[PDB]
Each structure stands twice: as structure tokens, then as C-alpha cells.
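Novice: Chain by chain, the residues:
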Amino acid sequence: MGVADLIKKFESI
Amino acid sequence: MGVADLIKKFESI
Amino acid sequence: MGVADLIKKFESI
Amino acid sequence: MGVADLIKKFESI
Amino acid sequence: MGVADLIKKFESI
Amino acid sequence: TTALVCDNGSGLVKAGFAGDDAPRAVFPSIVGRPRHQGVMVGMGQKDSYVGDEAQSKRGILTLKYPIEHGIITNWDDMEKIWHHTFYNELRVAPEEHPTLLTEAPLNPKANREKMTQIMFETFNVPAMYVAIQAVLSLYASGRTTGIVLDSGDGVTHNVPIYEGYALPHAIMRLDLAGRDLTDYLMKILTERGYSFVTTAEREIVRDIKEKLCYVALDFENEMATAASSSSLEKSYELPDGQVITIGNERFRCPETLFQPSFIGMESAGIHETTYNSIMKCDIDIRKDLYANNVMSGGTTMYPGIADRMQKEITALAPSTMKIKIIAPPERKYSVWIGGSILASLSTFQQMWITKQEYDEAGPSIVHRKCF
Amino acid sequence: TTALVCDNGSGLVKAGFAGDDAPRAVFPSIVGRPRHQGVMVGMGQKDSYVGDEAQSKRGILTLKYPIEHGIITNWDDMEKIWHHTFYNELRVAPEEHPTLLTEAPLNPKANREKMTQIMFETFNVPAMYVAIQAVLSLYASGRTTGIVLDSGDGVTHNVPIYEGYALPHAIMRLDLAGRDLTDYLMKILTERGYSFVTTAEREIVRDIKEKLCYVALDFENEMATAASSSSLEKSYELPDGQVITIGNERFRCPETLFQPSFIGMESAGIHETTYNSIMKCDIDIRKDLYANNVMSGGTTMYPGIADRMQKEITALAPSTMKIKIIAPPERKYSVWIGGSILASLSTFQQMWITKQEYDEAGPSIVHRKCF
Amino acid sequence: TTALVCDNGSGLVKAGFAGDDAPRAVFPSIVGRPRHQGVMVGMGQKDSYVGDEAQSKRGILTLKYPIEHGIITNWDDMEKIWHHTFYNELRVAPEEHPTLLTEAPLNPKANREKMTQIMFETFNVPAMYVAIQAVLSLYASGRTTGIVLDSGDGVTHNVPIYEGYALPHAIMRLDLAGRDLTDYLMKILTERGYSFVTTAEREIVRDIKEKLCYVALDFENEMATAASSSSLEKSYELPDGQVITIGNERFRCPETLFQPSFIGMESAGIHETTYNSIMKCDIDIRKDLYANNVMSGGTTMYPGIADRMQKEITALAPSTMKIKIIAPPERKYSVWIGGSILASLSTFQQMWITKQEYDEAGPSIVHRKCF
Amino acid sequence: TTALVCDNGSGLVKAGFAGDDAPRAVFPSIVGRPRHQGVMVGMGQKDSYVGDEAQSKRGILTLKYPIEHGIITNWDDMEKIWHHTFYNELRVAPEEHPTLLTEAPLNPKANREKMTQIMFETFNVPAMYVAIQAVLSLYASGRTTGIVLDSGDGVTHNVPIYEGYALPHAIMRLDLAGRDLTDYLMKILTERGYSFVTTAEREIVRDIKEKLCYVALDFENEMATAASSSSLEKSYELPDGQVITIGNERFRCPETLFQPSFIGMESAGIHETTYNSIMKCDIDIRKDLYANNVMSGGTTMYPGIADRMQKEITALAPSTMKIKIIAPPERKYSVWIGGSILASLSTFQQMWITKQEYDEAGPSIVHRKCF
Amino acid sequence: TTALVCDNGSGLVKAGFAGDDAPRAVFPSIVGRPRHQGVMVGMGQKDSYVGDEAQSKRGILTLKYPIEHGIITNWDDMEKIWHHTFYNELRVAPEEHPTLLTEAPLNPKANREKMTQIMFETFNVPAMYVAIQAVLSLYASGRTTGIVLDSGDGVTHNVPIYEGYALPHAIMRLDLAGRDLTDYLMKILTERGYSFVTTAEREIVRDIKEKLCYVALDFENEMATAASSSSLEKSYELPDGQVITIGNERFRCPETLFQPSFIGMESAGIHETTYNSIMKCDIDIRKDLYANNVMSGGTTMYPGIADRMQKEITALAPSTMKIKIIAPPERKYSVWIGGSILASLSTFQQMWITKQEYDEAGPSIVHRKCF
Ligand SMILES: Nc1ncnc2c1ncn2[C@@H]1O[C@H](COP(=O)(O)OP(=O)(O)O)[C@@H](O)[C@H]1O
Ligand SMILES: Nc1ncnc2c1ncn2[C@@H]1O[C@H](COP(=O)(O)OP(=O)(O)O)[C@@H](O)[C@H]1O
Ligand SMILES: Nc1ncnc2c1ncn2[C@@H]1O[C@H](COP(=O)(O)OP(=O)(O)O)[C@@H](O)[C@H]1O
Ligand SMILES: Nc1ncnc2c1ncn2[C@@H]1O[C@H](COP(=O)(O)OP(=O)(O)O)[C@@H](O)[C@H]1O
Ligand SMILES: [Mg+2]
Ligand SMILES: [Mg+2]
Ligand SMILES: [Mg+2]
Ligand SMILES: [Mg+2]
Ligand SMILES: [Mg+2]
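Chains as they are written, first to last, in the numbering used here: chain A, 391 to 403; chain B, 391 to 403; chain C, 391 to 403; chain D, 391 to 403; chain E, 391 to 403; chain F, 71 to 441; chain G, 71 to 441; chain H, 71 to 441; chain I, 71 to 441; chain J, 71 to 441.
Certain hints may be false.
As the list claims (entries may be wrong) - Facing chain H, according to a computed beta carbon distance under 8 Å, are these residues of chain E, among others:
| id | residue |
| --- | --- |
| 1 | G392 |
| 2 | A394 |
| 3 | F400 |
Everything labelled a hint here was simulated from the structure, so no lab data went into it. Every residue gets a Cβ at the ideal spot worked out from N, C-alpha and C, and that includes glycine.
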């Protein structure tokens, strides 16, 4: 949920 | 304008 | 163009 | 019906 | 409470 | 079986038999009780007085209004008011005379419930209805598409009606009108040094307001006129024969309908409240509303008020659109006159609430058309 | 024994006596019922209203169409529409007046069955037929080889006819036209900040569309013109006198006939749908179809539409081939006019379905020419 | 260039150099003129006397106050008062010493105009301002959110201030305080048979009031105590050595601040006037007002007054809300002290009205902040 | 070079440095200017105040919102808001900090142009982008197929997204949410006689709403419960310590999200608006939309809202289909959190608009993704 | 050195390694490209999609087939299809894997040339052959005297073979089969009012066809059964969970193989086309052809099709003659299976065309067995 995790998720996608 | 006339007006409507 | 004229045209056909 | 059998059939023919 | 102190307070404000 | 119609105003009580052209009782909504000590045992005849008798007595009496801003705050005195209304004024036995009663919109529902409970249980009235003053004002004004502006002694409110359908969201209300204008006039007259303080002097200032006050068409021009010239000044004679002289104060008082900032209120004036209420209405409605802007009397008796309102609304609303303001001379009575019409209508009578229904639906049936 | 001819449009109802040059009823396909509370008991006269009366009332009313895309979705209101059509508009007693009715092609068969069942059982109509609007459009256009483009309020459809023979496979239909163009115009006007929301405001936007919109000959050139210059801008005045100003939006709305992508539809525009329908036709037919491309009115009233269509078809079709588009000014009425002709034809009358046949063939006889 | 600060009380005149901690002139607001015949030609030295000299002389003199209830009713004697204030007391040449002057709120505007006209034309003062006593009381009390209660010899008034913004509608004023309390004390002491009649005896009764009177916390309990026991009784010695003995009368006099019914006034006491003034204020303001209730001296010097006020306000106001009353021992001087602060402020000096401005704006500039 | 992310809500402004987990500024979207007269010259320190300071001051101040329904109607105050946001709150020099800004969909294009023009010309910001709040809400919700429901202080809107492709035709918007719910709550509380009128009292009623209000699962059952029992009643304490008691009104306020008829709007509730937006979507999309119904905070903080929505959608939509509603506790911040994510993405940075591009493409480049 | 075998169907692509019993790739002959706007920059991952991925995406995507009626009309997308087939599906480097490819008979020779040119020049395939689908169907059916009936998504064709000799004049071909049957099913389902329009909905209607449709043995008896009884009706559930109900339409769709008049074609049905093709054959051949009537899958998967065909041919052909129809359950794969057999045969390999030969005979060598 943390912002860093979402960033890393979309940058991975 | 008289009350009777207004009554007859609304009862007619 | 009048309706009667078109009627007479198709009834003739 | 198997593909190998049909192959062997036509190669025999 | 002295007048000078109140003056300095409001002039500061 | 002539129905009764009673309008309980914040400042004046108006009671009349249904189908009559005018009310018969018009006495003030006032109860008074002596502040001073009684000594002549033959003369301290009553502990309490009703508004007409109470007005003459007021010089000794303290006066209280039982209604504030269409809300009833002293039910005991209100029962006194109704008791005197039925027995002393109308000489009528309410057991046989079903009754129509009026209220401002957006009033507390408890007020209507308690009033109805009193009417049935205390007076044994056999049938009752409660009606909304704007609808009565439209019946009095002979039309079924209107926006109504009201200002009694207490409430000011704006209600739009179209083809007899009411727009509950477009309603707008100000607790202002007569009483606040009177108090502000007391303060302004204090600016000249006429110290008025007592409730009796409040009633004197009310009479001063009702006679002398007029509404400016251009407030700044009037202020400049009163500054530059005495021609606006008037004199008035107090009950003791003392003379009071008044100038700009006259128009400055009703101007505080348009500018409640002079009371310290932030709510926009009656003109902007009317315009905003029209804006709340769906777009097509607006054209017919501008054609049919109806005034419900009370404070709207002032000179110039309709012209000032028309000037303001024409400034606010788009051009190329007829803006027309309807304000008959009967506009003050017009709420009662509307009730007198409505109660008479053969179609209406099934709207009555019967004592059986009140004994069966509880109160809640009075809410049916609470609006 | 004058037959009746009734065209039930998705947006306008058109009903007329056979052999007359024009419809008599043209009122909107609209029923309205008050959203707002009634209070004036003398004025809440009706719970429902028919399209002409309902349009004036619409400012209070919610409006609903009983037809969506040539499909009838509220039979109760549709019975109201027909009842008012026969008694109030045409002043005619349907016991004596056999009736012609219209439908879009590829409609649900249940719709035709239910309409026929209502017509016989409820109205006691003695004879009926249902006719296909493209054929009526060709009778109105005096010719028996044509391709017909239609666009009412609801359906758009293309039907080819040759020597009076119809090509059922070549039919093509889009559920688009007036209503979707109006909604898209609401969204585009929202781009400028004119918030239109109510069904009344939907009707206002419909009137805006019908007056202001024109069809571009070169959409990209027009977009560049509107970006570079204000010369395309127009002003219009809403019912409340507010002024609305509109620019590129005018041509951008009807352009979404050619580019349904702006609605999010993938189906090709009316030009490509016409061309593809021509391609469905057998090769020899095509030459005569290009010579006889007939427009069935409604949305095809727009300025420029025929020139844009001619440009598109000439781009799509092979060169060295005459492409000609027939769109009389009566094109909107032309469906009704075709019905008025067809019902009059002495040859036609044996096409009638009689109440005996409906009482014996069941419904199914109405399907005979379902097309 | 030391500014002058003059507070013109209804009973005491207080004049001091700006930035000083206390006034220098504190003499009574009194002029006296001999009622008796002069015979010793060497001894009838003056036809008129100023308050300190006039007090000793009062046994021969008749005394008059030039101010009644913050209103100036003898401008000639008021000019005498100011002339003696500037030349005899402060030994200062007002040509060089710009002046701050005080007034009660809701005073007649003519009073401020006439005072200013005298100040410029008669004394040739080079710059002037007029300031509102509540604002000075807040400067003296070191805070900028307050409600101020004042009671000099004449006016009682309540003014709310929040963040230095004043609430003109929330102002409330009573013409009561010292003088009326003194007269009522004369009547009550008459109940015991001490006939005091002359204005000199009025001054004696004023001194009796100022020493002996104390404010009840529970008036009925005190009445029962004085009825049941002598322990509340005090003795005092008049200037001629006669002894006067006083009981319940002591607390009964200041109790008539809370119960003006003993004067025959109907206006609610200072506690209820404070509460109502707080209620006039917008809802959020009230919490900070209850925290900052400031007393402006004069009659609020009485013993017990602050405790009684706190008890009353806590009874009137909702529970669970801090009600706090600020009343320094300097509270009487505090109006002057506030003026002494205000005149010193570097920010203030542009607030001065200069003789040039009075020679150009006419009077009207004095109204700019009339409040 | 930390990017800035600013979400300009209709009621709250949220500004934060990219990659932070929460906004730092959360102050109200409010500017206030004193209605009351200043008198303490040292204290009338500012003519205008920003929402946090303005809230404490509100008891004197009039409050105005610069945004109405996601539209900016006072650019001067909006520049005040941003100036205070950047310098006072974030202590950041915008010359170095490129900025992301948010807007509601279907806004006027002029609003985006004017905002961008201010951002470049007034603040000299070196790079900017404008992003659509639904997309930010999906980034905050960790998924790329969603339908987003939003309700800030102003707009309510529904946007469907599938595999990161947006469906512009499926968008649906209602101008409703917090402000209209607050005003309706003011009227309902007026039904009990708690007269709230000022904008300060509007803010008090907003706090009352935010604490007390809960959403019914069965509105008629709750109405019967509140009629039959007091168990739903709550008490609350106003800033002046007065106690207010509230019953059915609590759930009746948020129920007017589902039934805008109580406002007089005809647009179907948020449940039916969601369902209709889903119906606009192509048939396959719908299944995944029902699995991913995301709430964008603001008013959707209410208790029970998600359960009521699920009940309504399951009633509206076909059976045998999973309907699932995602509403994290951060849902209010989630728009900002989405911006904080989006600005950080390495893929995103080429989406920036640079002052060069604004100086070369004119405005129009801001429209590129206007949606 | 495993040979490749690729069957390029009009609707499904089937690619498999030689000697395997089944294809490995079976994905749809589909390319899709987003019609909708991308907004999530991380998610608009591809501008184009291949049939399996494109099917899930289809709700956003527009879908196009690159083949129409065994003709290749978008070579770019066809290269996309083959590229994905070889690299993504078969994980094979075509530089080493010589390939067999299939085509309908009577195709344009340019199509075979262009396909071969692409295969050698773009993919660098070292050897190739093109084979005729009827011959593959006979290898799959284990016999060397047959008449083959084919119906893929596009072409229907009939080819007679006797002792391995082909009769080029007896070939007969119809451009009909799956796609036209699907479109006709869309129209028929429109008769009930299920409006299917998009290519995604076309794929849904294809699935409806593939499950629900069955072939009548006596079309008129089935029509009477469906008219008289609901027992033929079936329900199906669309992807959004909506329920669709279907009756006569089920058998009416495949019946339009036998009666292409329902498409508007005049060419006789597959039964009469088979009989006429048999009549083209020399008289002795016919007897053995009736014994060996082989079905090539695709649309011939329908229930009842073989029984209906046998009934029709026995009605058409002379009595006293064995008519026998061979249709294994693998009949759809049977074309690929035939290719898998043919490529394996040691005798076959000299049929390969080598890149040298294509570089020396020009194209024309591909024509050698064009048939
Ligand atoms: N000539 C007048 N000019 C202005 N106001 C007037 C005049 N005559 C009466 N009024 C005002 O009319 C008000 C009473 O109107 P009404 O509608 O009866 O109020 P309510 O119904 O609440 O008693 C009072 O405020 C009274 O001062
Ligand atoms: N001047 C105009 N320009 C464009 N469209 C128009 C104009 N006037 C009317 N229309 C459209 O014509 C349509 C009605 O045509 P009609 O053939 O009666 O439809 P229907 O038969 O389905 O009711 C409506 O969509 C209306 O908006
Ligand atoms: N506990 C709560 N219950 C209901 N509504 C709330 C609550 N807390 C805040 N709100 C509402 O949230 C809204 C502000 O949400 P926000 O998304 O910031 O709107 P905007 O972005 O338009 O400023 C206001 O209408 C406020 O009343
Ligand atoms: N159960 C079924 N019933 C009827 N038709 C079917 C069924 N399953 C698949 N089909 C049809 O098979 C056709 C595909 O067959 P195929 O021989 O692969 O054609 P092609 O080779 O031209 O792609 C499509 O038209 C599809 O609708
Ligand atoms: Mg009144
Ligand atoms: Mg039509
Ligand atoms: Mg004093
Ligand atoms: Mg928000
Ligand atoms: Mg095939």
C-alpha cells in the first residue's frame, strides 16, 4: 500500500 | 378581487 | 410532388 | 487413425 | 501592567 | 356551519369567519402583566391583559410577545390569546366552528404539533387544518404561478410556486422583518439622542416606523440628500406630546432589509434572496417567476419597496426579460384572505383533519403537508 | 371512410388522414409526470401530460420518452400517446377508421405484435396494416429504384429497393441519430461550461442542435478555422434569457454522424454504411443505386449533410460514375407522406388486416411483410 | 511633544500626560454656584467653583453636574471644566499637546461634534482623536479579545471586541450606575429617617455609599441576616459629627444594579445585559468572550461585585464553560490608562485628526469611527 | 529535484512532495475577509486569511470558497491559496520544483488553460502536468482496471478504466457531494429549530455532519426506528457549549446522496449513476468493473456507505455476478497519494509540459489529454 | 530437422510440428488495436494484439480479421500473425524449420506468390511447399478416393479426388460458412431484440452459434414445433451475466447453409453444390464418390448436419445407390492433421520448394501444382 511499493509496481509493469 | 370571486375562480379551475 | 399526383402515378403503374 | 499410422499407410502405398 | 510594558507589547504586535 | 379562519401572526392576530372579505379581530399578539405594585384594591382588576387592552394599559404594564419568528415561546400566554380570540372577539363557540391556522415554513414541527394538541384538547375544536402562508398569499392574489415574498413581524421567507406545484428546495427564509427593523430603528433614533428603552417605547417606535419610514430607490443618493438638505426631515409627536424629529433614519431603517449588514447579518438582502431562490428553480420556471413576483404584506407595506425590488432584480437578472412585481393594497390581509378563500373551497373540505383522525393518526397527520 | 395513417416516431408522433398533404398531429412523443409536490389542490390537475402540454409543463415535470430506438418500452404511456392522438388531436372515432402504422426495420417482432394487439383490443380498430418506413420514403420520393437513408430521433437505417423489390440482406441499421447527437452536444457544451442536466435542459439542447448545427465539408479545415477565428461562433438565448455562445461545437456535433468514434461506437459512419449497403447489392443494381440515394429526413435536415455525403461517396465509390443524392425539403414528413400515399392506393387495400383475420390468424399475419 | 489624554467621566475628570502611569487631575466633574447671599465683599470671591474647590465650598454652594449619562448638558460649565483642567491642573499649553478624548458608546453624534468644535476653535488644539472607552479598557487590560462592562457615574454599557474587531450590534447600554444608585440610597436611608436632601448631602451619601456599601452574593440570605441580626450594621460619622447607623441598606443599594426594578426600570440587570450582549455575538466568539469579561471600574469597585457577577453569569450561561472575570484594582483608572497607552503607540499617530482635516472634512471625519 | 504534487479540492487543498506517503498541507480551501469593523489599529492585521487561520478567525470573518463544483470562480483568492501553499506551508521555491495539478473531468477547458497560465507566468514554474483524478485514484488503489466513484466537497463523478484505457463516453458526473449535503443538513436541523445561518455555522454543521452522520442500509426501517424509539438520537456540543440533539436527521442527510430528490434534483443516485456508467461500457468490460469499484474518498468516508452501495448495485445489476467495492481508509488522501505515485514514475517524466512548450504550443498542449 | 506445418484459417490459425497428432497453436486469426484512449502510461503497453491476447482485450479493442474468404487482405497483420506464431507460440527459429502452408482452391495466384515471397524473404525459411486443403483432408481421412466438403470460417468448397487424381473442373466453391452464418445469426437474434453490434459482440455471437445451434432434419417441422411449443427454447448467459433466450433461431441459423437465399445468395446449398460437383465428374467416378463424402470440419461441427446432408443427397441422387458421409469428430483439426501426415511422408520431401529454386524459377514454381 505504501507509495514506494506502488511506484515500484507500476515501474515494474 | 373580492373573496367570493376568487373562490368561484378556483372552484371553477 | 403533391400526394394526389403520386397516388395517380403509382395507381397508373 | 493416429497420424503415425496414416503416414505408414501412405508410405506403404 | 505598567503603561510602558503595554505600549511595547502592542507596538510589538 | 361557517368555518373559522385564524392567522396567528408574530405581531398581529387576525381572526375572521370563512368566506368573509376581511378579518374581524386584528388585535395585537400581546400579553401584559403589571410590573408596578397595585394599591387600589378596586382597580387591580386583572393580573394579565390581551393586546388591545394591554396596549392602553402598557404604560404601567410590561409587554411580552408570545411568538418569536413564527415560533411560540410562551404557550400559556398563547392560550390566553386564543381564548380571548374565540370568546371575547369572535363571540363564537369553537365546538361548532372548524378552524384553519397558519404558520411560517421551515418552522419546528413541535410547534405545529403542540398548537394542534391545544386546539383539539383544550378548545374541543371538531376539525382543523394548518396551511402555508405563501399558498394563501397566492390564493389571495388570484394566480397559481408565483414567487411569494413574505415579511410579517417575524419571518421573512421566499417561496416559489408553479402551476400549483411547490418547490421545497427553493424556499429561503430570513428571521428579520418587523421586530429587528424596529429595534434597529430604536438604535438609530438613539443616534439622535431619543432614548427609547421600554417595551411601551418599543411600541411607540413601531408606530413611528409604520408611519414615517419609506424605502430609498438609491440609498447613496438619499444619504447625500439628507446630508446636503433638511427636506427629508419629518416631525412626529409622542404620546406625551413631546416632538421627535427624524431625517435620514427614515429610509435607513427599511434599507436594512436590503443590507442586513446593518444588523450584522451576512445573509444577502431580500432582492438577492429572491434572485437566488429563482436561480434554485429549474430554468424554464424562471421566466414565469419573474413575471409573477408577489408580496405577502406586513413590512412590504413600505413606500417604494416594490420599485426598489424591481430595480434590484432587473439589475441582478438577465436583460430582455420582463420582471414584474404584484403587491395589492390588501397584501397585509392577503394571507388571511387566502385562508378565507381556501377554507370556503368545496374541493378543499376533504383536506380537513377531523378529531377522529387526530385521535387515531396521533399528531403525525398534521405533518402531511408540512412543506 | 377515410383511412387513418399514424407514424409513431421515436421523438415525434405524426398522424394524418390518408391523401392529405401533411400530418395534422406533430406533437412530441413525450409523457411527463410531476417530480415536485403539489399543494394548490385546484392546480394539481393531472398526474400525467402529453407531449405538447408536457413541454410547457416540463419545467416542473420529469419527461420520459416511451420509445427508445424504435422500440416501445412503456406501453402504458404509449397507450396514453395513442389515446390523445385519436381523441384529442384527430377528434376521430377509431371504430370507423382503419389504420396504417409505421416501424423501423429489424425491430423486435414482439413490438409489432403488442402494438397490433393494443390497436384491435383496446381501440377496436376494424382494420390495420404495418408498413416499412423506407418504402414509404420511396413513395414520397416518386420512384421505385432507390437506396434510402433514414435517421429519425432513434434509428438510422439504410434500405435498398430496386423496381419495388427489397433486398433484406442489404439492410443496415444504426441506433444513433437525434438522441445520441443531442447527448453528445450536451457533453461538448459542457466542455465550455454550460451545465445542462435536466430532461428539460435536454429539450433545450435539442432545440439548440436543431437550429445551430451545420455539417462540415472538411472537418479538419473547419477545426483549424474555429481555432484561428471566431467567425464560426454563434449566440443563442436560453428560455430564462441567459445567452449561450457556441463555436466549433456546432459542426462537431453532426460530424459525429460520420465519426461515431466520438460516441465510442466502432460502426462506420452513415457514408460508409451507405457504401457498404450498396456493395451488398448485386453488381448491376449499384449503378442505379448511386443515381438514386434518397434521404428520409429527421437528422438529415442539417445544412451541408448532402454535400458532405456526396463528397464521401464519390471518394469511396469508383470514379466515372454518377453519384446523386435526393433529399427534398419535405424529407422529414416524407415517411408520413409515403404512408398517406400508400393507404390511398386502390391496389393496396387488400393488404389490410381485418379484425376477423386477427381473430383467426392470431398475430402472425402482421409478420407477413415483416421485412 | 507629549500628547495629552483626557477622560471626561460623568462624575470624575481624569487628565494625564501620555505614557504616564496615572492621571494627574482626578477632580470631580462638578461646578457649584452660591445659593446663599454674599455679604463679606472680600469673601464672595467667585460666582462659580470647580469640583475640588466646589466640594469644600458645597456647604454654601448648590452643585450641578454638567454631564448626564455621558451627555453634556451645560457646555459653558464643561468649557470651564476643561479650561481649569488644562491651565490650573496640568500647567500645560494645549497649542502644543495633541489630545485624546473619551465618550460612551451610542452617544448622540451632536455631542462628539460639539466637543470637537470646542476643542479646535476654543483651545486651538493642533491635533485630536476621539476614542471609545471599551477599546481603551482593553488596552489597559493587556488583551485584544474581550467583552467590556463599564459603569461610571452615569452610563453602564457592554461592548464585545474580538481580535480588535468590534461588534456594533452587540453593544448594550443602561443609563443607571452611580447617580441612580446614590439617589436610591438616599431614599432607603430616608426609610430610617435620615433626611438627606441637598446636593451637598447627596455628596455625603455618595461617600457613605463608596465606603459602606457591599454587594450581596445571595440577596435574600442577606435580607434574612439583617432582619435576624445586627451583625451587618455599621456606624458612620457625618461631617458635623452626627452619627448615622445603617444595616440592610448597605447591600440593598448596590443590589439595585442587578435589580433595576427597585428603580422601577424594567431593563434586566448588568448580568443579564452582559449575557444578552454575548448572545448577540456570533456563536464562536462567545467562548472567548466568557474567558475575557473585563470590568471598567467606577461602580464596579464595590466589594463582592465580581463574585456576584460570576455567580449570575454561570447561572445564566450553559454549564461546562469557563466564565472568567478580569477586574484589576486600577479598573477605575483603567479607561485613562488605556488612553495613555493608545496615544503613545507609534502605529496610532496617523489616527490623529488634525486641525487642517477639521478645516477641510468639516465635522464629519469625527464620525469615521463613531461606532 | 523533488517534484511537487498539488491536489486542489473543492473544499480541501492537499500539497505534498512526490514520494511522500501523505500530504503536508491539508488546510481548507477557504479565504475569509472581515465583515466586522476593525477598531484596535494594532489588531486588524490582515484584510484576508487562509483556511486554517481563517477557520479560527471565522467567528468574525465571512468565509468564501474559491472553487465551486471543481470550477475556479475567484482566481485572485486561488492565487492567494497557492501562494500560501508554496511559501507558507511547503517552504519551497517553485522555480526549482515542477508541479502536478489535479482537476475534475468534464471541466471547462478555460479553467485548465487559466490555471496553467497562472502557474507558468505568475510562479515561473519550470514544468507542469495536469492529471485526471480517477487515474490518480487507481494508482492509489494499486490496480489498472477499475471504475472510480468520487465525491469531494463539490463534484461527484464516475469514470471507468480498463487496462489503463479510459472510456470518455462512459463518464458520468453529478455536482452534489459535501456542500449540498451540508446545506440540506442545515435545513433538516432547522426542522428541529436549531437556526444555523452564517458560513461559520455552515462550518459547524459540516463538523456535525462529519461526526454524527451515518448511512442507512434500509432508509424506511431507520425512519420507523427513529419514529418509534430514541435509540438513534445523539447529542453534540456547539462551540459555545450549547447542546444540540439529533435523531433521524443523522441518516436522512447522507441518504440524500442516494435520493437527490430531497435536493430536488432528478438525476438518479450514486448507485444508479454507477450502474448506468457500467452499462455505457462495452459488455465484456462490465464484469471486471463490478470486481473493481473504487471510492475516491471525501463524502464516501461515511459509515455504512459501502454496504449500502453494495446492496443497491446488487439489486440493480443481474444476479450471479460478483459485485465488490474497494474503499480504503486512505480514500480521501488517495487522490493525492495517486499524484505522489504518478509524479515519481520514471516513465511519466516525459509527460511533463515545459515552459518552452507552453511558450510554443500556446495553451493547447494542456488539452492533449483533456479527457 | 522437424518440419513445420501451418494451416492459416480464415478464423483460426493452426500451427504444429510434423508428425504430431494435434496442433499446438490454435489461436484466433485476429489482430486488435485499441479504439479507446490510453491514459495510464504504464498500461497502454501495445498498439496491437494477437488473437488470444486480443480476445481478452477485445472489450477495449477493435478486432479485425486479416483474411477474408481465404484471401489475405492485410499482409502487415498477417506477418504479425506469423511472427507471433513462430516466436511466441512455437518457440522455434524458422531459419532451420521448413514449412508447409495451406490455401483454399481457386484462390488468386498473387496471394500464393506474395505469401511465398514473404516466407522466404522475411522469415528466411529454407524450404516451403503449398498444399491444397482437400488433399490434406483425404490424407487425414485415410483414403485416396473421396469428395471433400469444406467449410472454415470463410470459404466453402467441394473437391473430388479419385485414386489420387484431382478433377479441376469439378471443383465448386462458395464464399459463405462461419462468418456469414454468424452475421445472419446476429440479424436473427436482432429479431428478438438482442442488439449485438461490436466485433466483440460478434465474437460473443460466434460463441452462441458454436454452442446453441443445431441443424434441422425437417426445417418446416421444426418451425412448426418452435411456433407451437417452447420446448426448443434455450437460455444462455452473456459475459456480463445478462440472460438471453433463444428458440427457432437456433436451427434457423445453420439451415442457411442449405438455403443461402436467406443470405440473398442464389447459389444452391451445400447439398446441391455437392450433387452438382458429383455430376461434373465422369459417370463411373460418381458411384465411388457417393461412398466417400468427407467433411472438412469447421462449421460442419453442427449437430445434425451429417444426417441432413445424407437426407438431401438421397433425395437428390438416384435411388438404389449407397450414399455415405464420413465426418470424424476431429474433422476441424483434420485439415491440419492431413498437413502433419503429408509433410512427414518420405515420398513428399522432393515437393519442397527451396530458396534456391525460388531464387531461380522466380515465383512461378509455386504455381506448378496451383490446381
Ligand atoms: N405602514 C406600515 N409601514 C411599514 N410597516 C408596517 C406598516 N403597517 C404595519 N407594518 C408592519 O407589519 C407587520 C405586521 O405584519 P403581519 O404580516 O401581520 O405580521 P405577522 O403576521 O407576523 O403578525 C409589523 O411589523 C408592522 O410594524
Ligand atoms: N433543423 C434541424 N437540424 C437537425 N436535426 C433536426 C432539425 N429539426 C429536427 N431535427 C431532428 O429530427 C428528429 C426527428 O425526426 P423524425 O423523423 O420525426 O424522427 P422520428 O420519426 O423517429 O420521431 C429529431 O432528432 C430532431 O432533433
Ligand atoms: N467523517 C466524515 N464523514 C463524512 N464526510 C466527511 C468526513 N470527513 C470529511 N468529510 C467530507 O470530505 C469532503 C472533503 O473531501 P475532499 O476529497 O478533500 O474534497 P475536495 O477534494 O473536493 O476538497 C468534505 O465535504 C467533508 O465534509
Ligand atoms: N461447435 C461448433 N459448432 C458450429 N461451428 C463451430 C463450432 N466450433 C467452431 N465452429 C466454427 O468453426 C469455424 C472455424 O473452423 P476452421 O476450419 O478453423 O476455419 P478456418 O480454417 O477458415 O479458420 C468457425 O466459423 C467457428 O465458428
Ligand atoms: Mg405577518
Ligand atoms: Mg422517423
Ligand atoms: Mg467612567
Ligand atoms: Mg476531493
Ligand atoms: Mg477452416
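Novice: Look at each hint and say if it fits the structure.
Specialist: To see whether the hints hold, each was checked on the structure:
no., hint, in the structure
1, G392, "holds, 6 Å"
2, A394, "holds, 7 Å"
3, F400, "holds, 6 Å"
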